[PDB]
Amino acid sequence: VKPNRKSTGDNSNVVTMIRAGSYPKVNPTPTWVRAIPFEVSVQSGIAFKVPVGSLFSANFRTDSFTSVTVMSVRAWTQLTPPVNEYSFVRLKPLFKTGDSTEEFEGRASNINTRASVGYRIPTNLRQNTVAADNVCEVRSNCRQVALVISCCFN
Amino acid sequence: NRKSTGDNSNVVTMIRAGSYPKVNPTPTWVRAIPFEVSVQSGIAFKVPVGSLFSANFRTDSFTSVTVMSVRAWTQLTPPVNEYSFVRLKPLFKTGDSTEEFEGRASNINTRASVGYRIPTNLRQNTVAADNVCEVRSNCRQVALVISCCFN
Amino acid sequence: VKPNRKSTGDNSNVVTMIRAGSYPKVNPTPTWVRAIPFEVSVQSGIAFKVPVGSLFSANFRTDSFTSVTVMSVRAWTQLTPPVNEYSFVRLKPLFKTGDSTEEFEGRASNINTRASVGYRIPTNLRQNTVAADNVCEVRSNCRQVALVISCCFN
Amino acid sequence: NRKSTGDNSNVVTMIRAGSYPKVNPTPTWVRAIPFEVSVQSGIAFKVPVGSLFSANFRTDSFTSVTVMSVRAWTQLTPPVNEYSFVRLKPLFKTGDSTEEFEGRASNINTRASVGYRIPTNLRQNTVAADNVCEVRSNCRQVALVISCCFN
Amino acid sequence: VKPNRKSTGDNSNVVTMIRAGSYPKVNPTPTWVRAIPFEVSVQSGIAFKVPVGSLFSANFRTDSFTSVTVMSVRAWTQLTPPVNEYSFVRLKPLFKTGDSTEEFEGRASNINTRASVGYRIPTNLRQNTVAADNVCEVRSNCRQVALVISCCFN
Amino acid sequence: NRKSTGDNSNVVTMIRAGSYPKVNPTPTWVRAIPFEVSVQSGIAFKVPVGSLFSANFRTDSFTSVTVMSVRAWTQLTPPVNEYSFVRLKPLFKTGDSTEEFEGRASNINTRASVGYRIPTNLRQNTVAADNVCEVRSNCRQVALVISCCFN
Amino acid sequence: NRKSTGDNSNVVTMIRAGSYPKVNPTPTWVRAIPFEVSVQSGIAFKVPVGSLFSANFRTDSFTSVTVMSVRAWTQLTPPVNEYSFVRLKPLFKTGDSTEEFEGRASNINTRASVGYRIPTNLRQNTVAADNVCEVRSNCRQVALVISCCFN
Amino acid sequence: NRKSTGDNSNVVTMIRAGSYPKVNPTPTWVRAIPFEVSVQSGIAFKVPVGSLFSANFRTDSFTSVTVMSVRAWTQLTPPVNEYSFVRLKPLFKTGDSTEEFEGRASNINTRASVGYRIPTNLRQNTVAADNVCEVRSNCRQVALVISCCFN
Amino acid sequence: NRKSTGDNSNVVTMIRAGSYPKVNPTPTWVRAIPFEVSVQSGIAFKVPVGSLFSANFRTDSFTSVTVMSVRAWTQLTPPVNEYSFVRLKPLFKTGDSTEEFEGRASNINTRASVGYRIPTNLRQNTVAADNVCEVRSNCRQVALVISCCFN
Ligand SMILES: [Br-]
Ligand SMILES: [Br-]
Ligand SMILES: [Br-]
Ligand SMILES: [Br-]
Ligand SMILES: [Br-]
Ligand SMILES: [Br-]
Ligand SMILES: [Br-]
Ligand SMILES: [Br-]
Ligand SMILES: [Br-]
Ligand SMILES: [Br-]
Ligand SMILES: [Br-]
Ligand SMILES: [Br-]
Ligand SMILES: [Br-]
Ligand SMILES: [Br-]
Ligand SMILES: [Br-]
Ligand SMILES: [Br-]
Ligand SMILES: [Br-]
Ligand SMILES: [Br-]
Ligand SMILES: [Br-]
Ligand SMILES: [Br-]
Ligand SMILES: [Br-]
Ligand SMILES: [Br-]
Ligand SMILES: [Br-]
Ligand SMILES: [Br-]
Ligand SMILES: [Br-]
Ligand SMILES: [Br-]
Ligand SMILES: [Br-]
Ligand SMILES: [Br-]
Ligand SMILES: [Br-]
Ligand SMILES: [Br-]
Ligand SMILES: [Br-]
Ligand SMILES: [Br-]
Ligand SMILES: [Br-]
Ligand SMILES: [Br-]
Ligand SMILES: [Br-]
Ligand SMILES: [Br-]
Ligand SMILES: [Br-]
Ligand SMILES: [Br-]
Ligand SMILES: [Br-]
Ligand SMILES: [Br-]
Ligand SMILES: [Br-]
Ligand SMILES: [Br-]
Ligand SMILES: [Br-]
Ligand SMILES: [Br-]
Ligand SMILES: [Br-]
Ligand SMILES: [Br-]
Ligand SMILES: [Br-]
Ligand SMILES: [Br-]
Ligand SMILES: [Br-]
Ligand SMILES: [Br-]
Ligand SMILES: [Br-]
Ligand SMILES: [Br-]
Ligand SMILES: [Br-]
Ligand SMILES: [Br-]
Ligand SMILES: [Br-]
Ligand SMILES: [Br-]
Ligand SMILES: [Br-]
Ligand SMILES: [Br-]
Ligand SMILES: [Br-]
Ligand SMILES: [Br-]
Ligand SMILES: [Br-]
Ligand SMILES: [Br-]
Ligand SMILES: [Br-]
Ligand SMILES: [Br-]
Ligand SMILES: [Br-]
Ligand SMILES: [Br-]
Ligand SMILES: [Br-]
Ligand SMILES: [Br-]
Ligand SMILES: [Br-]
Ligand SMILES: [Br-]
Ligand SMILES: [Br-]
Ligand SMILES: [Br-]
Ligand SMILES: [Br-]
Ligand SMILES: [Br-]
Ligand SMILES: [Br-]
Ligand SMILES: [Br-]
Ligand SMILES: [Br-]
Ligand SMILES: [Br-]
Ligand SMILES: [Br-]
Ligand SMILES: [Br-]
Ligand SMILES: [Br-]
Ligand SMILES: [Br-]
Ligand SMILES: [Br-]
Ligand SMILES: [Br-]
Ligand SMILES: [Br-]
Ligand SMILES: [Br-]
Ligand SMILES: [Br-]
Ligand SMILES: [Br-]
Ligand SMILES: [Br-]
Ligand SMILES: [Br-]
Ligand SMILES: [Br-]
Ligand SMILES: [Br-]
Ligand SMILES: [Br-]
Ligand SMILES: [Br-]
Ligand SMILES: [Br-]
Ligand SMILES: [Br-]
Ligand SMILES: [Br-]
Ligand SMILES: [Br-]
Ligand SMILES: [Br-]
Ligand SMILES: [Br-]
Ligand SMILES: [Br-]
Ligand SMILES: [Br-]
Ligand SMILES: [Br-]
Ligand SMILES: [Ca+2]
Ligand SMILES: [Ca+2]
Ligand SMILES: [Ca+2]
Ligand SMILES: [Mg+2]
Ligand SMILES: [Mg+2]
Ligand SMILES: [Mg+2]
Ligand SMILES: [Mg+2]
Ligand SMILES: [Mg+2]
Ligand SMILES: [Mg+2]
Ligand SMILES: [Mg+2]
Ligand SMILES: [Mg+2]
Ligand SMILES: [Mg+2]
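Residue numbers (my numbering), protein chains in the order written: chain A, 1 to 154; chain B, 1 to 151; chain C, 1 to 154; chain D, 1 to 151; chain E, 1 to 154; chain F, 1 to 151; chain G, 1 to 151; chain H, 1 to 151; chain I, 1 to 151.
So that you can see chain A by itself, here it is in the shape it has in the complex:
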């Protein structure tokens, strides 16, 4: 059928016609895979529950989502540790179907450096969580902790 006509082709500098056909399947409000960096405050000796509602905010463009499937969690000490000590952080995953008892701990080897640790959620436990829910318990000698949660907004 005289193969192709159109205008120019590939390496071009002008508008070119698109020979559309049938109206396609669309979606104005799709899903989105994201890594949300945010900080949380932590006292000494007390485990802070990281709420899922912190992922939902306009500071991440996600204030339009009402549910999230968490995949992995990573956390860095945000501040310096007490005098003479090396930073440290722990993570206990929490699941609406059953809270786990792990304390995935990572320590720093230099006092001036951040302590880092993180955990992966298996596929059979990636389920939606709402703002009211909590993702995990954080502990640390440091007063603030920076997280980077890899999750799927839908």
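Rather than coming from a laboratory, the hints here were simulated on the basis of the structure.
Some clues are possibly wrong.
Derived, one-sided and incomplete: chain A residues facing chain F with beta-carbon distance under 10 Å [what the hints assert, rightly or not]:
{"no.": "1", "residue": "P51"}
{"no.": "2", "residue": "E85"}
{"no.": "3", "residue": "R107"}
EDC-like, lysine to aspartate or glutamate: derived pairs with alpha carbons at most 16 Å apart [unchecked claim]:
{"no.": "4", "chain 1": "A", "residue 1": "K25", "chain 2": "B", "residue 2": "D7"}
{"no.": "5", "chain 1": "D", "residue 1": "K46", "chain 2": "D", "residue 2": "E99"}
{"no.": "6", "chain 1": "C", "residue 1": "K49", "chain 2": "C", "residue 2": "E39"}
{"no.": "7", "chain 1": "E", "residue 1": "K6", "chain 2": "F", "residue 2": "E100"}
{"no.": "8", "chain 1": "B", "residue 1": "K93", "chain 2": "B", "residue 2": "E36"}
{"no.": "9", "chain 1": "G", "residue 1": "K46", "chain 2": "G", "residue 2": "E36"}
{"no.": "10", "chain 1": "I", "residue 1": "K22", "chain 2": "I", "residue 2": "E134"}
{"no.": "11", "chain 1": "A", "residue 1": "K6", "chain 2": "B", "residue 2": "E102"}
{"no.": "12", "chain 1": "A", "residue 1": "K96", "chain 2": "E", "residue 2": "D133"}
{"no.": "13", "chain 1": "E", "residue 1": "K96", "chain 2": "C", "residue 2": "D133"}
{"no.": "14", "chain 1": "E", "residue 1": "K25", "chain 2": "A", "residue 2": "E103"}
{"no.": "15", "chain 1": "C", "residue 1": "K6", "chain 2": "D", "residue 2": "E102"}
{"no.": "16", "chain 1": "C", "residue 1": "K6", "chain 2": "D", "residue 2": "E99"}
{"no.": "17", "chain 1": "A", "residue 1": "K6", "chain 2": "B", "residue 2": "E134"}
{"no.": "18", "chain 1": "E", "residue 1": "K49", "chain 2": "E", "residue 2": "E39"}
Label pairs and their in silico Cβ distance ranges [what the hints assert, rightly or not]:
{"no.": "19", "chain 1": "A", "residue 1": "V130", "chain 2": "B", "residue 2": "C149", "range": "25 to 35 Å"}
{"no.": "20", "chain 1": "C", "residue 1": "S22", "chain 2": "E", "residue 2": "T80", "range": "11 to 21 Å"}
{"no.": "21", "chain 1": "I", "residue 1": "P21", "chain 2": "F", "residue 2": "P79", "range": "32 to 42 Å"}
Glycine included, every Cβ here is placed at the ideal spot set by N, Cα and C.
For this one, chain A is given, so just place chains B, C, D, E, F, G, H and I with the ligands on it according to the hints.
Same frame as chain A, now just chains B, C, D, E, F, G, H and I with the ligands:
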């Protein structure tokens, strides 16, 4: 930087994370936005870029977007005894176009469809006040699907 | 051991003996993978929640099941659209662990034709749902919508 | 007609469905039904096809079934000093059979087992009023497993 | 760098130095994959609900876990059947998201032998369960039933 | 003995189990236990095996453990103007060792690290009353990671 | 080209027969005949060949038979404390044998079995009046399976 | 070496031009010109070539044109009960043709289309006064697409 | 054939020794000896070889030693504002050297390190009274590691 999929893992597994990586809380996003614009008979309508920024598309947190290509479809029936048709005239801040990319329907009961691509060199940002393209048609509304890149 | 005896062999027209052994593991009430076509009524501008209890009925032979793992959902406009308009349908999946916000929309390109759309549930979200639960919200300019839900009865 | 498995998808994904397919709300079903029938000493019992239709097997919504093959096992101990045994005589509407497929136990503490296949040419439907096969045995009950096709 | 020094090498009979580096990521309370054999009592004609709390006990070393992801379930008749009968056992899986209706039955071919049966949980249904929850309903002519549950403690 | 993974199964599936297998309700367990021990200046401390048995490590149900290898790290800052250091002296019931596996830090702001392996021939059990190794250091505490096998 | 059978017909076709063939309304027939015989403790029982001519076996229309092999199993439990056993002494019209082919059960609850082949050169017909073999055993009944040629 | 364009520049470079070339401010141009023409029922309409010279097409600066091919579609619905149809009779200054290249729609709601190629040896210029072809049809309007060479 | 060791023994075996060999109760020994030496600011310290003969190193039974290489690290923090540094001037009984092999830390919190090899032809014994090298540095203490041959 040690993550896997397809694995047989049915429990949590520790990730040996190290240095705080480079992050971004407001990343960009390539989208194919759908929305409809009403039109009149024989009168052109300037589609304002400001319809791509809205909470109905999760984009009310953006102010500037790089349009890439437009595709238009008629949304309502055409006048009596007429076949549907729609025309697209690109519009750019640096100098409007005089093209009228027209597509007609070969069955009155069908939508008319057309689109145009914006070459790489003309892919600059546009804000809400700017325009995208003129849309003529004999059909009282028109449905668009604009592939773009929010930033 | 004189290989095989029996009667005839393969291309046969008479009863043939079966040299059974130990009573096997059985199951009088097994699982079943199905695609259940049913219609639902839809008003204009109002999202109708498709109840899971509609899959459970004797019209599908499934009135003997009390739970179902939904996999995918597909929907067609069952009636004609308003005057001058083209049919359209939307689907917002619902999950007991967290309702999603997608509006998977599919439109027709001919007024006389059905509009079609559908979505797939990932593996990590295939979990049982009971009659009381709902699968998704349907919207459309058409008054009835025909669905075909692929699911696993157990 | 675009569905996958094993995928790394952890969110819903749109399916580009088109024409309303061919459907069936009451499809067929191949089954291996288990049930037990009591028996007497030296007296044959005509297993009625109507035991395969019941809500205990999810089949009370069927009326006709294509039997394919029968397999029998004794369900209770045999008389004292005896070894278990069971006989199967096929029964068809078009003309009963005189076979007596017999299987015996070589250990008194074991079940006797036997079965028969129905060739393709004799695989017609049967309703509740019809019979399947005569079952003789010295054991007070008998357990069956009938591979069939409900329709 | 003069490749390796150390002491002896591989086939050795004395302590050897380990040239450690940075403090690693640790975990004092990890997960554990286990197969927990325990018995349950069963009446005649009555289905007994196997509680998840039976997996949590110091007799399995697991009295330190508060959640469990069940994978598969296997069960053997623990005692002899009534007079003149052959042992038998059934299993109906139970899920907090929706109880199933299967009756996976396995029978013995010798009266003096155990009847055995079991079922596998798909990946999409491996979710945590707490002590309060139940795994499945057991039936049998025998008064006791021995199970061996393959599960993942976390 | 018929179990699979990676399968497309989304419903329960029957397992054809047979004979009651060999079981064990209290199996063994290889572990890498972490804990910290305080230390003084110039004085050695005998790490008691009894710190590996505790509910904080899920091991309070064990009484005997086969140590395999020790690795030590300083847990607090060193004295002023000093670099961190730690020494490990293996201890065995059959005859203590006189080695002093020492590791120092090349940056005052860094931990000192060292470890030792126990050869196969010296891998016997140890109970709570036994000792593991002497730990010297200029740092007020020390953090250990003992690979072992509980039984 | 199809699913089942496929091209076959599926309706009748004509056969172009020729000359009238050779026929036989009363052919031979090779069988495995099952039947039991009572046995006294410490007495040998002469099995009659006329037990092979019976309508139970569809063979009441035969008067002769060519015996190939004799297999025997114990049919009832043995005396207390005793394991089952059975012996077979072959008998021929041309000269009786003296072998006592015996077999014993290793489990009191199991059948004792044995059998013997008759060689080609001893395979002649035997009428109802004849005897095939002598049976000795501690169980009262003994089941037999005889592969033979009815003619 | 990069992502988009890569090595290019990205800023201007100098061209080392030479002698002043041959130029043409007013070149030729090959086009596909779209336009409609009203048609009466049962009357043939002579299409004027001067419909190809218009600013709507950027061609008001041309006075001649070399026509290659003529394609026609029906633009309005047909009378009731009737299927659309259109006929094209070519016209040439050297001798008018007599072919009525016709086309019919198979669906009343669809356009009837047809067209004809003009061979090389009949491809001469045609001024506005000339005619290209006669159009007959049952629909009142008929849209045309003409591939031609403006010069 | 097994898991660990496997075939070995696992119990003692006999050795079929022969003539009485050549023995040496007091062999040589190659070592890396660690020890520190105090250093004054702006003064060179003569390291005595008699620091290599000590029971801390199991070498109190030696009287001579053949030095191969000398490596040095700073043991205490440098003055304020200053980066660590250390210099090594070799010394030999046949003629002292004049090289000041120096090394500097690039980070104030890090050790300054340097070392020098002694070539074969200068590797003779050295008694306790002798000196191995002169040390200069801004830190007060300086740790040494010397690869040498005790004999
Ligand atoms: Br271009
Ligand atoms: Br398109
Ligand atoms: Br599409
Ligand atoms: Br989508
Ligand atoms: Br991100
Ligand atoms: Br990241
Ligand atoms: Br605090
Ligand atoms: Br703490
Ligand atoms: Br702080
Ligand atoms: Br919580
Ligand atoms: Br603290
Ligand atoms: Br790696
Ligand atoms: Br696992
Ligand atoms: Br990382
Ligand atoms: Br990075
Ligand atoms: Br990344
Ligand atoms: Br980014
Ligand atoms: Br994107
Ligand atoms: Br999109
Ligand atoms: Br609107
Ligand atoms: Br118009
Ligand atoms: Br607007
Ligand atoms: Br610009
Ligand atoms: Br046959
Ligand atoms: Br079988
Ligand atoms: Br089986
Ligand atoms: Br099953
Ligand atoms: Br279906
Ligand atoms: Br389907
Ligand atoms: Br309505
Ligand atoms: Br609406
Ligand atoms: Br309607
Ligand atoms: Br809901
Ligand atoms: Br509406
Ligand atoms: Br495809
Ligand atoms: Br995903
Ligand atoms: Br489809
Ligand atoms: Br289809
Ligand atoms: Br299908
Ligand atoms: Br079907
Ligand atoms: Br089936
Ligand atoms: Br079945
Ligand atoms: Br019954
Ligand atoms: Br009987
Ligand atoms: Br009955
Ligand atoms: Br029939
Ligand atoms: Br060694
Ligand atoms: Br290490
Ligand atoms: Br690590
Ligand atoms: Br771990
Ligand atoms: Br285990
Ligand atoms: Br096991
Ligand atoms: Br009871
Ligand atoms: Br029961
Ligand atoms: Br009992
Ligand atoms: Br999964
Ligand atoms: Br329950
Ligand atoms: Br019972
Ligand atoms: Br296998
Ligand atoms: Br499945
Ligand atoms: Br098993
Ligand atoms: Br085993
Ligand atoms: Br195992
Ligand atoms: Br074990
Ligand atoms: Br282990
Ligand atoms: Br561990
Ligand atoms: Br402590
Ligand atoms: Br010290
Ligand atoms: Br202690
Ligand atoms: Br020992
Ligand atoms: Br023929
Ligand atoms: Br013939
Ligand atoms: Br014959
Ligand atoms: Br034959
Ligand atoms: Br036979
Ligand atoms: Br007797
Ligand atoms: Br006797
Ligand atoms: Br006797
Ligand atoms: Br007789
Ligand atoms: Br004789
Ligand atoms: Br012969
Ligand atoms: Br150039
Ligand atoms: Br030039
Ligand atoms: Br030119
Ligand atoms: Br051109
Ligand atoms: Br053109
Ligand atoms: Br007219
Ligand atoms: Br007309
Ligand atoms: Br006409
Ligand atoms: Br004109
Ligand atoms: Br003319
Ligand atoms: Br020409
Ligand atoms: Br030797
Ligand atoms: Br020797
Ligand atoms: Br020597
Ligand atoms: Br040596
Ligand atoms: Br050494
Ligand atoms: Br000084
Ligand atoms: Br100084
Ligand atoms: Br100096
Ligand atoms: Br000295
Ligand atoms: Br000298
Ligand atoms: Br030399
Ligand atoms: Ca938003
Ligand atoms: Ca039913
Ligand atoms: Ca414990
Ligand atoms: Mg570090
Ligand atoms: Mg339209
Ligand atoms: Mg369409
Ligand atoms: Mg029986
Ligand atoms: Mg058995
Ligand atoms: Mg330290
Ligand atoms: Mg017997
Ligand atoms: Mg027309
Ligand atoms: Mg220094």
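Now the hints, each set against the structure:
The interface hint given for A/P51 is broken, as the beta carbon of that residue sits about 27 Å from the closest beta carbon of chain F, more than 10 Å. At about 6 Å, the closest approach between the beta carbon of A/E85 and any beta carbon in chain F falls short of 10 Å, and the interface hint on this residue holds. Look at A/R107: its Cβ gets to within about 8 Å of chain F, closer than 10 Å, so that hint holds up. Distance check on the hinted pair: A/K25 and B/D7 sit about 32 Å apart at the alpha-carbon level, beyond 16 Å; violated.
Taken as a hint, the D/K46 and D/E99 pair is honoured in the structure, with Cα atoms around 14 Å apart against an allowance of 16 Å. Taking the CA atoms of C/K49 and C/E39, the gap is near 12 Å; set against the 16 Å cutoff, the hint holds. Restraint check: the Cα-Cα separation between E/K6 and F/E100 comes to about 14 Å, which is no more than 16 Å; the hinted pair holds. Among the hinted pairs, B/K93 with B/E36 is inconsistent with the structure: their alpha-carbon atoms are about 23 Å apart, more than 16 Å.
Simply put, G/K46 and G/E36 have alpha-carbon atoms about 13 Å apart, close enough for the 16 Å limit, and the pair holds. Taken as a hint, the I/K22 and I/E134 pair is broken in the structure, with Cα atoms around 42 Å apart against an allowance of 16 Å. This hinted pair checks out: A/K6 and B/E102 have alpha carbons roughly 13 Å apart, not beyond 16 Å. Annotation: proposed proximity of A/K96 to E/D133 holds, straight-line Cα distance about 13 Å (limit 16 Å).
For the proposed pair E/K96 and C/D133, the alpha carbon gap of about 13 Å is at most 16 Å, so the pair holds. Under the criterion of a C-alpha separation no larger than 16 Å, the hint pairing E/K25 with A/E103 is consistent with the structure, at around 11 Å. Using a Cα cut-off of 16 Å, the hinted pair C/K6 and D/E102 holds, with the two alpha carbons roughly 13 Å apart. Restraint check: the Cα-Cα separation between C/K6 and D/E99 comes to about 13 Å, which is no more than 16 Å; the hinted pair holds.
Using a Cα cut-off of 16 Å, the hinted pair A/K6 and B/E134 is violated, with the two alpha carbons roughly 21 Å apart. Only pairs whose Cα atoms come within 16 Å are accepted, and E/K49 paired with E/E39 is accepted, the gap being roughly 12 Å. Checking the proposed 25 to 35 Å range against A/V130 and B/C149 shows it holds: the Cβ atoms sit about 31 Å from each other. About 19 Å separates the C-beta atoms of C/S22 and E/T80, a value consistent with the hinted range of 11 to 21 Å.
For the hinted restraint 32 to 42 Å between I/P21 and F/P79, the CB-CB distance of approximately 52 Å leaves it violated.
When the structure is compared with the earlier hints, violations turn up for hints 1, 4, 8, 10, 17 and 21 and for no others.
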